[PDB]
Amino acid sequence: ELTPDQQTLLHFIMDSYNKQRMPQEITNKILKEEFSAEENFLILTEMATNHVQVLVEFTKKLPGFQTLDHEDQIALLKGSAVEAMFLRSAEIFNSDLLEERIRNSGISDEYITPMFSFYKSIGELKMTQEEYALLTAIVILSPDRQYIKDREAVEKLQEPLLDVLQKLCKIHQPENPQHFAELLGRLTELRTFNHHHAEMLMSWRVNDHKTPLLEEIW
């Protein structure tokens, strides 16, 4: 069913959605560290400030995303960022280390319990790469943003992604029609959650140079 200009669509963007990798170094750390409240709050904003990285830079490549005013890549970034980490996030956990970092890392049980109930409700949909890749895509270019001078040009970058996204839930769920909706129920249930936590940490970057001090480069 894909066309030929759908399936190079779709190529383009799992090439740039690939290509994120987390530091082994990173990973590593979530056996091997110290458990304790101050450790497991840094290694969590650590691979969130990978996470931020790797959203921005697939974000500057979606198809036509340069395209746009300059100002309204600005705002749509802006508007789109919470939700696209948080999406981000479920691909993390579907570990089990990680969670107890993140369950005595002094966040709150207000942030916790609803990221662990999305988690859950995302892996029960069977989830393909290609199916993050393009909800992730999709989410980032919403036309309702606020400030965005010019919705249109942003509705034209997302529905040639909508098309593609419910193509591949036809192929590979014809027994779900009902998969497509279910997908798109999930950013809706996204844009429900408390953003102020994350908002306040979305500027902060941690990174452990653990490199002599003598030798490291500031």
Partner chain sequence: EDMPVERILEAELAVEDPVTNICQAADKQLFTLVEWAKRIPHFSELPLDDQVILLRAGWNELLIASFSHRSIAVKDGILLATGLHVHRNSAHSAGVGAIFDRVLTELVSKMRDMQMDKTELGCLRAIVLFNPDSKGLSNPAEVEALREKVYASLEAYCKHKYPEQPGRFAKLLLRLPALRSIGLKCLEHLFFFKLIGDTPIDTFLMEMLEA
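Residue numbers count along the first chain shown, from 1. What we label the rigid core is the largest C-alpha set whose atoms superpose within 1.5 Å from one form to the other. What changes on going to the form deposited with the partner chain bound:
When the rigid core is held fixed, the Cα atom of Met14 travels less than 2 angstroms between these two forms. After superposing the rigid core, the Cα of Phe193 is displaced by 2 Å or more between these two forms.
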Second form
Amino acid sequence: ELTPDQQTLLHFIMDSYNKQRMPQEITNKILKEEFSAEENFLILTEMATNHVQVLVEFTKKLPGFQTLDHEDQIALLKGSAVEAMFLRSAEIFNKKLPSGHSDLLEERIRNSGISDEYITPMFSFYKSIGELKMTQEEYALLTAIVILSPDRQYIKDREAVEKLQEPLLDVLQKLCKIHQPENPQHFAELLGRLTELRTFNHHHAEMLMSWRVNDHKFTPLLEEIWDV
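If the structure you just shared is the form deposited without the partner chain, then what does the corresponding form deposited with the partner chain bound look like?
Partners and other molecules omitted; one chain follows.
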């Protein structure tokens, strides 16, 4: 039941989503490098820096994004990056990875200077995502919805963000219905994951301050996108 309009929108989204890659030079380290809180931190920093670049590119290609005011573009990226990265991590942790990558990446994140107070909820959210059995189209669209959120701090023209978001929600709603007609509230449940992504924003500012007081340093890109 997608309309041709919706099909065009979906195709633009998936083309942009599918370019999302983490280089082998980074992911090889999961297995190859030593295991210390220090090296685990460096690995994660390398992953985060790469993923922020990937996300900036995805965001630039979202429908209408280019037509938004330049400062509002920046406010959307800053406001949504953490949530997009949690959702991407949820996708990664419920996906088949090369041999050994899932288990050892989990061990490294659990011994990277992140308190158990934030580890536990993080892996709990990854589990709730796994249980939804999301398709690639659901991940892509939900990510795009997170990025084009009108409530982020410092967005001036909220109304125009809100308009770009609307047809993504429409497509996502028809898709959920078509794919999981036996869980007719699957769309609502995805929106409920949006609410829960908001908690990871708070958790993340705290993780960053803990990392900083244990004298970990971030790349220049990360310092910008997350306000140091």
